[PDB]
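Here you get one chain, nothing else, as C-alpha cells; it is the form deposited in one PDB entry.
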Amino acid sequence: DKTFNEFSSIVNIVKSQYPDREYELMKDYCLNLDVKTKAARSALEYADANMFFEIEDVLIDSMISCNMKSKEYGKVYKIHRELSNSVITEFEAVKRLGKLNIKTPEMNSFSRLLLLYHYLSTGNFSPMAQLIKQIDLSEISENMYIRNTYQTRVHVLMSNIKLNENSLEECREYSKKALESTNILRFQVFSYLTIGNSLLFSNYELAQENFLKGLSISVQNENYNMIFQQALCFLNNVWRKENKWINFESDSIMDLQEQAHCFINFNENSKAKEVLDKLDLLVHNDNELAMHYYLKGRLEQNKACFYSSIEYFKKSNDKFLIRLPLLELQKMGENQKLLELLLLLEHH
C-alpha cells in the first residue's frame, strides 16, 4: 500500500489500459504520493511535461515546504513556472538559479531547459544553440524516466533550433526522433508543429498533412487545437490561398497579423492597413516585430520596411522566416550580392 523503481511503469500501464482517464487517474495518483520519493520527483516532471499545471503547482509547493533532492526539484521547477508566467524576469530567474547552487544532474539539466523555453517563447533565439550544448543527459544516472523525458524535450528543442537555423532536413530528423522517443501528447504536438513549419516554404501538401495530424491528436485540447489552426492559417497565407483558418474574433498579434496578410494577398489593402493600424499599438518581441515590418513592406511596397524586417529577424536570429522579406526584396529587383551580404553578416 509502494512505488515502482521507474515512473514509466505506472504511466505505460495507465496509457495502455485506461487511456481516456489518464488525467483523472494520474492526478489522483500523483497528488497522493509522498513528496520525498523519486516517484513524486518523477511525477513532477510528468506533470510539467504534460502541462498539468494544477498537479505540478501543488507538487512544487509541497516539495519546497517539507528532503534535499525534492526541495531542489521543487525550487527550480517553480522558477520555470514563474518565468513562463512573467512573474520574474530572465535576470531574476538566472540570479535565483545561481543562488540555488544546484547539485543534481537532473536540475542542472532543467535549469538550462527552462531558459531555452523562455528564449523560444520570447523570440530570442541567438542564445539557444550554445546553451543546449551544455546539457549532458548521460550524467543523469538515477532517474531514467527523467533522463528519457528530458531526452524528448531536447529533441524537440533541437528541432526548433535547426528550424531557426534554416537546417530543415535536420529539423525534421530531430522531431522524428522526438516522436519515436515519446508517448506524451505535448511533445507529439510540438513535433508535428515543427515538422509542418519546416515544410512551409516548399511542400504545401506535406506541411498541411503534418498540421492536420496535429489537429487529430489535439481534438480535446483547445490550446493545442488553436495552435494547429494558427499553423494552417499561416501556411495558407504563405501560399496566398483562400484561408479558411483566419480568426477574425481575436486581438492577439498572431491572429491579427494573419488577418492583414490575407487582406494583402487578396487585394484589400484598406482593410489590411486597419489591422496594421491596430498592431502598431502592441508590444512586439523582436521576432513578432520582424513579421510586422514584413507586412507593412508588402502593404506599402516600401523596401525600407523589408530592411527593418530583416534587421529584427537578424536580431532574433531567425534564419527561416527572414526568407519572406528576402523574397520580396528579390521581386523588387534588389542586387543579389546585397542579399548575399545581408545573409552573411550577423547581429551582435
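Only residues modelled in both forms are compared. Numbering follows the first chain given and starts at 1. Just so we're on the same page, rigid core means the largest C-alpha set that superposes within 1.5 Å between forms. What changes on going to the form deposited in another entry:
- Shown in the overlay between these two forms, fitted on the rigid core, is a CA shift at residue 21 smaller than 2 Å.
- Comparing the forms between these two forms on their rigid core, the Cα displacement of residue 212 reaches 2 Å or more.
- A two-part rigid motion is described between these two forms, in which the smaller part turns by 26 degrees against the larger.
- Once the rigid core is aligned, the segment that moves between these two forms, defined as three or more consecutive common residues whose C-alpha shifts all reach 2 Å, runs 211-344 and is the only one.
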Given for the second form:
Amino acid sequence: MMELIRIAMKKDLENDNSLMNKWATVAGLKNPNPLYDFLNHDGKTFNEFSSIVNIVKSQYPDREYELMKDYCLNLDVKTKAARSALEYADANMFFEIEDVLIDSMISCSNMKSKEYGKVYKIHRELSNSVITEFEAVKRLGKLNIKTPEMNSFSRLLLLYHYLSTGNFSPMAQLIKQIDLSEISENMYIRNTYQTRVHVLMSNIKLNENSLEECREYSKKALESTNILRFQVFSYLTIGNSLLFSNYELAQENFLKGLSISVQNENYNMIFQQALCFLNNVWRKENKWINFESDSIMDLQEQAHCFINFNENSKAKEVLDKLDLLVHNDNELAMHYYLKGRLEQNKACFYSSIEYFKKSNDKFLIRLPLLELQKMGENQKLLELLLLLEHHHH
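Can I have the other form now, the form deposited in another entry, not the form deposited in one PDB entry?
Excluded here are partners and other molecules; the one chain stands alone.
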C-alpha cells in the first residue's frame, strides 16, 4: 500500500522539482537522498518523526490529520517511527489514532514498543477514569520501566491527572523530578515533552497566583511547538491570566487563538466563548454573543449582555428559560450571580459564592465578589474568599 503523503509528494514534485531540496531542509536532512528512498521504498521511515511532521505541516497544513492518520495507521508498530506516532497522536488529542496504535503495540514483540504502548494505555485509562491513580501508578511500578522516555511520561501522565481532578499541591514537586535530558533516543518525543512541561509549568504558576511567570511559561510553550493543541491552550491560559486585569491584552490573546483555529470547530468555539465572556466582564458592546444557541453557557452570556445594558426585562426572559434546565454546581453559581445582579439581591450573590466554592472555582468567583464590593461589603473579607497566594516573607 502507498500512503497518501507519498502519493501527494510525488504529484507535487512532478509539478515542481524545486521541492526536493526544500523538503530536505524542512526535514533536517543534509541532502534529500533519504527523500527518494522515502517516496520509492515502502516502509522507509526517517530517524526522527519531525521530518515527516514538518513536511506535512509545510506542504499540506490543511490536510495534516487526513495524511497523518493514513501515515501512522500503516506504520509497522515495532519501530521508533511508530513510538513517535503514539506521542504524536496523544499530543494532538487524536484519540482514534492513539488507541489503535496502543492495542497493536501492547501485544507486539518489540520490547520498547510494548513498553511505550503499555504506559500510554495507563494514561488513557486513568484520564478516562477507567482506573484509579492508585491502580495506575501500581501498574507503572509493575512494568519496571526501562526507557527514559516512559520514565518521563509516567510522571507526565500523573501531572495530567492531578491537573484534571484539581489537586495542585504536589505538582510543583512532582514535575521538578522530570529530567528530559536523560532522553537520548527520540528527540521528537523529548521536544514535545518539553512543550508539555512548559504548559504544565504555566498552569502551575497560574494557581500559585504567579501570573507573570504563568505568561512566561506559556510563552516558552508557544516558542517550543508547532502543535495546534498546545498553541491553543497557551493563548487560552495567557488570556485567562489577564481576563480580569487587562482587557485589551486579554482580547488580543483570545483573538490570536481565534485566528489560528478558524478550521477547528472545537477550538474556534472556545475562543468565541472566551471573547464573549471577556467582553461581558468588561461591560463592553459584545459582538460575540450567540443568539442561535440554547446551551446554558450561551444563554447565560445573553443575560450578561442584557443586565450590562439595563435590558432587565430581556434578561428575565433568558433566566426564565434557564430556570427549566439541568444546572450543575458551577452553572448554578453563574445563575445566582446573574439573578443577583438582576434583582440586586445580596442573597443570590451569597449562594453564588457558595456554589463556586462547592465546584471549587477560584476564578469566576470574582464575579459575585466584585458585585458585593460595589454594595458596601467589607473588601478585606471579600479578598479572603478569593483565597489567592500572597507570597509573604
